[PDB]
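For chain B, the structure is supplied; the task is to place chains A and a with the ligand on it using the hints.
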Amino acid sequence: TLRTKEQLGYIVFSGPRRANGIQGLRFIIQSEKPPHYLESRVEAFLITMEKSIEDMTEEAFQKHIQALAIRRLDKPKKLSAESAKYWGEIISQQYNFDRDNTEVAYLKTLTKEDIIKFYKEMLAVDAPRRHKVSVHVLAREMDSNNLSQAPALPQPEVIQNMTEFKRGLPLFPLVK
Amino acid sequence: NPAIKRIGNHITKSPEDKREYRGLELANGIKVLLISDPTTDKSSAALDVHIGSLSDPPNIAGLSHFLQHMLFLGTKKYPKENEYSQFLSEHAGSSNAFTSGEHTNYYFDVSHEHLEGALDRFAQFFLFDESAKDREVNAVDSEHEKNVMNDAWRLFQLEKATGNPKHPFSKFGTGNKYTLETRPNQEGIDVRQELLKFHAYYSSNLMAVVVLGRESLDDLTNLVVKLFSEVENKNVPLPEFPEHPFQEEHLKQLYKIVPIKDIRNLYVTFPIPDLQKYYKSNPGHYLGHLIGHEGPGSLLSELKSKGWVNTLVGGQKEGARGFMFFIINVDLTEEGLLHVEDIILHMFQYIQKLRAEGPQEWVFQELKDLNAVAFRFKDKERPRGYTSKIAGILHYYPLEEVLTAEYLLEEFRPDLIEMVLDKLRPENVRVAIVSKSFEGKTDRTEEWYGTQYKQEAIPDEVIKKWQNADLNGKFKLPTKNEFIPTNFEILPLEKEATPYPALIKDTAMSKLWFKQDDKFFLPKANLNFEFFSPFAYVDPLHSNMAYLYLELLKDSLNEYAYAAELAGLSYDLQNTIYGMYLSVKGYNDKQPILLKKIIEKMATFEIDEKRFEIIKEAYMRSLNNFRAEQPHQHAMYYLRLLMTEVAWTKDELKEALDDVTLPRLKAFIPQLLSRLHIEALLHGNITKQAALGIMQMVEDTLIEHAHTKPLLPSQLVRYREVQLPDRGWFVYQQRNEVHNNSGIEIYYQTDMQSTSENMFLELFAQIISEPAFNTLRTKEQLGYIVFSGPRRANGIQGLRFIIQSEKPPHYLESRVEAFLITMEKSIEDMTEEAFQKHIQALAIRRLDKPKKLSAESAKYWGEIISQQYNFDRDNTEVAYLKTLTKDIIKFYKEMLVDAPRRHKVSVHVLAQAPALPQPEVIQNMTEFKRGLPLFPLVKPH
Amino acid sequence: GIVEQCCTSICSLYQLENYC
Ligand SMILES: [Zn+2]
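Those protein sequence lines, which keep their order, are chains B, A and a. What the first sequence shows, in the deposited numbering, is residues 822 to 966, 979 to 1009, in sequence order. What the second sequence shows, in the deposited numbering, is residues 44 to 170, 174 to 245, 247 to 933, 935 to 944, 946 to 960, 982 to 1011, in sequence order. Numbering follows the deposited numbering, in which position 6 of the third sequence is assigned residue number 6; successive positions increment by one, without gaps.
Bound conformation, chain B alone:
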């Protein structure tokens, strides 16, 4: 959608972001168009993905579950890869060396309703616990400041100083 169809940019990434024991979903896009237009396209893509999950069949849903199980249970091909996994589990201080088996065994139990409620609770535009942070990087020449329908977005709080942004916010605990 974001590369083959709309042709925003060459680099389009999306996936899980884990750091300091806390996680979230991340999208990374580099393009020529302004970041606000890019962000509207990302939101419209998010609603399109909501309708896609809603209209998704159980066989394809089980196909995604199985594909994620294959990606999670992919055995390391070399000693530096296995030691990279173990060293990740050590640096994270979670020490869950049997993580793949348990997380896949629980992955085969999830349901489309669980996914829908998760999206509507954490990722929707009107979600009660939405935690959104956007980083915009303008182009070089940009001075200082048939497509789907984009939803109405609230007024964002522009950050002036990172330290001031952090002092007024709480901190998450560590993973036991």
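Watch out, some of these pointers could steer you wrong.
Calculated cross-link-like contacts (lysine-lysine; reagent style BS3-like; alpha-carbon spacing at most 25 Å) [what the hints assert, rightly or not]:
{"id": "1", "chain 1": "A", "residue 1": "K657", "chain 2": "A", "residue 2": "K483"}
{"id": "2", "chain 1": "A", "residue 1": "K1009", "chain 2": "B", "residue 2": "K999"}
{"id": "3", "chain 1": "A", "residue 1": "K308", "chain 2": "A", "residue 2": "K566"}
{"id": "4", "chain 1": "A", "residue 1": "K637", "chain 2": "A", "residue 2": "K425"}
{"id": "5", "chain 1": "B", "residue 1": "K999", "chain 2": "A", "residue 2": "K999"}
{"id": "6", "chain 1": "A", "residue 1": "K1009", "chain 2": "A", "residue 2": "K558"}
{"id": "7", "chain 1": "A", "residue 1": "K1009", "chain 2": "B", "residue 2": "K953"}
{"id": "8", "chain 1": "A", "residue 1": "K906", "chain 2": "B", "residue 2": "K999"}
{"id": "9", "chain 1": "A", "residue 1": "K308", "chain 2": "A", "residue 2": "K501"}
{"id": "10", "chain 1": "A", "residue 1": "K217", "chain 2": "A", "residue 2": "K192"}
{"id": "11", "chain 1": "A", "residue 1": "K425", "chain 2": "A", "residue 2": "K896"}
{"id": "12", "chain 1": "B", "residue 1": "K1009", "chain 2": "A", "residue 2": "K558"}
{"id": "13", "chain 1": "A", "residue 1": "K223", "chain 2": "A", "residue 2": "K206"}
{"id": "14", "chain 1": "A", "residue 1": "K906", "chain 2": "A", "residue 2": "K552"}
{"id": "15", "chain 1": "A", "residue 1": "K898", "chain 2": "A", "residue 2": "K735"}
Source of the hints: derived by calculation from the structure; they are not laboratory data.
Using the frame of chain B, we list chains A and a with the ligand on its own:
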């Protein structure tokens, strides 16, 4: 007036004192003093009796203490037990009382518009339920039990018991459950009848009252006459004790005492006649000034240079109307404990030097002028303590000199001084050594406190060595004090003066707040400074090196700064989790000079290795001696560690203390002074250009000698408070290995520090204050120490209960919860007039203006450390407080048993109630902090 | 340097609700 026997002519007061005074003596013998102040927000009153605990019956020890305890639980005209404290609490007032061997002083304060309403009942106190007695016995017993493991109490009662046992000085003044309840019940004594028959000594001829209020002297006169003319006069003679409790068989004796804390002290005592009647000269204050001196050529200078003593105290100690003492107490190093005989020998060498030189009229004159200046420019005291002090000293001095007797010296008589010096002789000495090295070498036990000690006779050979003491060249008379202020000029108020502190300088090096004194107009100043540096609290090693650096600095500057400290110019220098803290307070005449000297010693410090080892060992003894603190203090400490993000325990500091070395410290001082921030608050009798000159002086000295560079703003890291989860209860449990009593601290946490939440918490704490005291202490008699109030730290607040009791902390906690439900029902059934009465009481509590300069500068500094800079907080928060309604119920349902956001943490220090959930025991503080979130920081202004 | 106002243990105010 017929009810007034006489009226004083005029009260000798200071020309700077705007309060009005009028002294008089009623027909019944009560010595009355009246103080009119039309500007005070709270009035006060105090009544003093001159009997005390030395007149207790021989079979009932502590009867006057128990009576003082008992007079607060209702009278004839007002029989309810806590109607007095409930009235004062509902009218923004408080009360208390103490009982010394020759006094029993009651005192209280209240709002200025209900002085008569409280004073009527306070007069009913002096014009006994069985259940109230049986209950309060446990409060007295918990008081004595609180005072059992206290070293000062142990040595005090041991000094009482080592004298003549037949003398009343040997009596036990506190009393306990045995002497008040168990023994009288075993001997068929009616304690209530003893209270009624003792309340033969509470005569009007031995009473001194002091009343301070906004009303006129005539209204106060008619009030005190009306309410106190009915006090019956029984003409009780004042008790005197001409025979000294220390006879010959008690003199020239050595007492080896084993303490609880690991302390090393030496006590020298000389029995002397009562010098009270010599208040016009004060030879005990003269000889105390010379002997206890700390400047060059003093005794403490030699005792410090020899590495035997660190601190010395010497002067006159009050005994009674017939006997007094003259004491010299010092601290002992590991070498001083073995050279006690040599230390005492140097003491008698200094005394012999004073006998050889003779009295010094120039020293007496210097003390006279210094005390005259310090008295003339004395800060305005608080009404309660002021009325209590004057009421206490009214029995000793006439009405005209009651305000200036203990302060102003007028006549110089050397016969008295030479007589006391003749009394300071080895044949009239008493020596007591306190050290742990006497453990297992004692054979005697004190009865009341169980103190282990040993009694020996001082060898006549040692006494002879003391008698042949020659003159020491290291002992010289102190020189002329160069810190005596001579410039009392009040700088005129600048046109740009601000009612609140203003930010007149904000650079990368420092941040300077300044305000010219516009309320007190006294020639004084408070100069506060805070030095931020991340190496101060980075780890226990660097924190220990910082405390050792500051302690070595103050110890090195003590001899030089003792003259300025004696000249009304004092300073405090303490380490904080954010960096150093230096405060210079006093007369601004010679303030910048001494301040410059202190900075010079900060940037040119040369560490002595002997002082380093002695002070290091002393700090080790302190961290070791924290285990003997009281259980509630341990609870506050543990709660502090739990709630703060970063905090090093005294076990970590104690373990890291052994790794501190002199090269590490000498390499650590310039590392600390290499990168600094400065936040200053200059508030006093100085101008803006003077404040800028002082600040620039400090900066230029620090840069010149220490090469100090400013800090990066991103390095200004404040600490957050641990955020408790919703409906979460955590309990940390430890044991107290010293006291046989248990402590407990319950803490409920709130969201943050905003106006609404502050007034919610403060209003609720105002409603539950007196009910908490009365329910947890007066009725149930859990313990002697019961406290409840708001707790603020790191910009987050909450409610805290602190109880010290014998009963287990789980029972105490269940009773706390049941009390919470009881207060829920009480507030739900409370009337709007009582609610608004608590609103008004809190408004008067918060809008109370500071009486002296140091309190105002302390409020400003309190608003600076929190980095909220809300100087108008009182007006805004009270203006919002008067708009609150019986919100408090929803606040109680939201933050305080089944609340959806209940945050509860309990600290249990080992020695109908609702059902409580299963608490999560805290095994490790670090895991506790890692598993829980942190609160944000309060935004700056 | 000199004995000050109530440096002994004699000062026993009935209740401590004014400290800290
Ligand atoms: Zn008491």
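Hint check results:
1. A:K657 x A:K483: Within the cut-off at roughly 22 Å; holds.
2. A:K1009 x B:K999: holds (11 Å)
3. A:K308 x A:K566: Violated, because 45 Å separates the two Cα atoms, which is more than 25 Å.
4. A:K637 x A:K425: holds (18 Å)
5. B:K999 x A:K999: With Cα atoms ~19 Å apart, B:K999 and A:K999 stay inside 25 Å; holds.
6. A:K1009 x A:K558: Status holds; Cα separation ~18 Å.
7. A:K1009 x B:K953: holds (22 Å)
8. A:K906 x B:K999: At roughly 28 Å apart (the allowed maximum being 25 Å), B:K999 and A:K906 break the hint.
9. A:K308 x A:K501: holds (18 Å)
10. A:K217 x A:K192: Measuring from Cα to Cα gives roughly 19 Å; hence the hint holds.
11. A:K425 x A:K896: Cα-Cα ~18 Å, so holds.
12. B:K1009 x A:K558: Distance of about 42 Å is beyond 25 Å: violated.
13. A:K223 x A:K206: Since the Cα atoms of A:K223 and A:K206 sit roughly 20 Å apart, the hinted pair holds (cutoff 25 Å).
14. A:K906 x A:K552: holds (20 Å)
15. A:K898 x A:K735: holds (24 Å)
The structure shown violates the earlier hints numbered 3, 8 and 12.
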